[PDB]
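For reference, the chain that follows is the form deposited in one PDB entry, supplied as C-alpha cells.
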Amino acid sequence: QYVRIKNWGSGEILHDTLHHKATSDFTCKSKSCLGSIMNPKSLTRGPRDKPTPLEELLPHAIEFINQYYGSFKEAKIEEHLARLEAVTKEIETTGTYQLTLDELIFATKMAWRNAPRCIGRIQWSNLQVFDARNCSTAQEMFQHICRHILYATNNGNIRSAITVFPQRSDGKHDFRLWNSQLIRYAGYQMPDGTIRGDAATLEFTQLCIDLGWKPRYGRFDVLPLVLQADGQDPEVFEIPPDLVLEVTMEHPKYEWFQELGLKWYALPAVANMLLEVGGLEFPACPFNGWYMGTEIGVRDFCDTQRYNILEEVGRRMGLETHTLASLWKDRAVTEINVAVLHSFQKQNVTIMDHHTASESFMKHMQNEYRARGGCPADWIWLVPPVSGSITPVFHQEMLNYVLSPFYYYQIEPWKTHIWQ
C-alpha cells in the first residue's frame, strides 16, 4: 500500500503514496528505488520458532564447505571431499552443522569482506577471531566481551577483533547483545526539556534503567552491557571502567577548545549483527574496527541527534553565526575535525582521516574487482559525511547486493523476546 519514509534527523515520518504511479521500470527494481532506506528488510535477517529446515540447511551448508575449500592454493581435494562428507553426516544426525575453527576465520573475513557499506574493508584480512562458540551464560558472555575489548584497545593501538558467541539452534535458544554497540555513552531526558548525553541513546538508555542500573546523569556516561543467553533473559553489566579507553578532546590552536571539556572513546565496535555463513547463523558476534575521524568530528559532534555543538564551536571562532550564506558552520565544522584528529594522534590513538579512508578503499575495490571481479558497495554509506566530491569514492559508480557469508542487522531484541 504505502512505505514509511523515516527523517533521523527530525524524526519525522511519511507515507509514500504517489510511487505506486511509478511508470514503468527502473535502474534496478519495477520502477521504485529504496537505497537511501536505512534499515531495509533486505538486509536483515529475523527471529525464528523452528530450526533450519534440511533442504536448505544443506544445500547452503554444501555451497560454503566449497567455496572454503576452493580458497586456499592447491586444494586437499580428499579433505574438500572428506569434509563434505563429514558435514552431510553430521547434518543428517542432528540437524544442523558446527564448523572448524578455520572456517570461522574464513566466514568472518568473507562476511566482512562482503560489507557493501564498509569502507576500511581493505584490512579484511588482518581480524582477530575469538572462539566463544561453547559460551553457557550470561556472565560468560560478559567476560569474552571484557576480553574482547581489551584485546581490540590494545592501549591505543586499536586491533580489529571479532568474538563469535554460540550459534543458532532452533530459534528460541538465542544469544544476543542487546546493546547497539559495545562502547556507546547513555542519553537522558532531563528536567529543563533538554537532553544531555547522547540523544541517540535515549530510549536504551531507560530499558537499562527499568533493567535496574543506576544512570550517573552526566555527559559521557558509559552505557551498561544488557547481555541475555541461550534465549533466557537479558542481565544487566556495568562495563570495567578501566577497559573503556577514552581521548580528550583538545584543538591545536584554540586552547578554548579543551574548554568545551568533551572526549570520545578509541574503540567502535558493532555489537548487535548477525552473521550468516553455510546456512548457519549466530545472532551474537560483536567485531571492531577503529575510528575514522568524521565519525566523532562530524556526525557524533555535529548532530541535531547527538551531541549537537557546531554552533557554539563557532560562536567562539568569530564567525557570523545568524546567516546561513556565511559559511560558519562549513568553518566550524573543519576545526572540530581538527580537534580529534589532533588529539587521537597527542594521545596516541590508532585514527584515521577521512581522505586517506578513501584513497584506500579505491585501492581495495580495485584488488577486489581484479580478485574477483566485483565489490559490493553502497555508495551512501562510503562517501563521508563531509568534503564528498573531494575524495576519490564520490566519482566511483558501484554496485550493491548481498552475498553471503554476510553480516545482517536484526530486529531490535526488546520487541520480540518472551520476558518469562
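Only the largest set of C-alpha atoms that superpose within 1.5 Å between the two forms is called the rigid core. Numbering follows the first chain given and starts at 1. What changes on going to the form deposited in another entry:
- The Cα position of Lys41 differs by less than 2 Å between these two forms after fitting on the rigid core.
- After superposing the rigid core, the C-alpha of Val402 moves by less than 2 Å between these two forms.
What I would like now is the form deposited in another entry, since the data block earlier showed the form deposited in one PDB entry; can you produce it?
Coming up is the bare chain, nothing alongside it.
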C-alpha cells in the first residue's frame, strides 16, 4: 500500500508510494539495521567480465525508455513506440544500445534526483551535461575534465555539471578516474611522525607518487588526475593551476585567523562514481555541485582523520582546551564555520550554509512527494555534522531506497586493475 512518514517538528504526515519501484535488495536485513555503514554492497556496483546478459538489458532498457517518454506533459506516443522498436533492434543487432543526448540528460538529472545522500537535490533540473561518449584516449579524458573544471568554476559563480565518458562495454575496456574527487589535496606522512595536508588522501598520494608524480611536500598540494581510458593503464596528468580556484580563510572579527594559512578548493566534484541507467553503466562520469560550509569547516578541517585543526583553534580563542565539559569544541567549530562562509562570501565564490541547505531540502522533499510520491533519503547523510536538531531535516522521518537511474560507488580501481 504505502508507508507513513512523520515530521516531528511540524506534525506533518506523508505517504511514501515510490519505494515500490526500488531495484533489488538494499543495505539492511530481516533482523538488523545497517544504515550506518558507509559503503555497503547495496550502494556499490562492481566490475564485469562479459557484456550484460540481454535478458537483463532489454527489460531495463524498455523500462527506461518507458520512464523517459512517460516524463513529458503530453507525451509523443508515436515517438515513444518508435524508440522502443529501435532500441530493441539495436540491442539485438549490436549487443547493446546508445542513449540519445536527450535521454542521457534526463538520466543524469534523474540519477541526481535519486541520490539519497544529497542535500542539494532541489537543484536537480539545473545540470549541464558534457557528452564525452566519443572519447578514446586518456589525453582526451584530461581535456574534457579541464573543460569541465573551467566551466564549473566560472570564476567563483559555481555551476553544476557532469561529464559522461564511454559506457562499459565488455567490462575490460572501462574508462575510470582513479581520483575520489576531481580537485583534492595531497597527504604525506612527514619525517617527524606527523602527516601534512589531507590525511584522507594518504594511500592515494602514494599511488600517484608510484606512477611518477612529483611530490611538492606541502599542505594544500592539489593532486594529479589519474586517468584510465578504454582498458589501458592509468596515466598521470597535472591539473593546470590556473584552473584550480581556491579560497583562503579569514574571520570578520578574529584577524589572527588568516595567519593560520588555511584554504580550500572551491570545487566539490565526485570523480569515482558510476551512473546506471536502463541496463547501461558509465564507470566514468565526474559531477559537481557547490559546497555546503560544513563540508569544509566541520569535516575537512575538524575531523581527526582529515586536517584536524580544533585543538589549536581552541587555544587561539582562549578556551579551556583541557576541560571537555567547557564546550570549547562547540565554540571553535562555530567560528571555523563563519570563517569559511565569510571567506567564500567575500571572495565571490558560491557557498551554502547548512541551515538554508536543510530548509531547501525540506522544500524539495515536499515537492518530491507531491510530484512522485516519495524521495529516497538517507537521514544519516542528510543531517549536517553540526547543529543536528536545529535543522528541519533532523525531525523529518525518511525512507532510504535505490531507484534507477542511480549513482553507485565502485570498487576502488587499484584493487581490480589487471596492469599491462
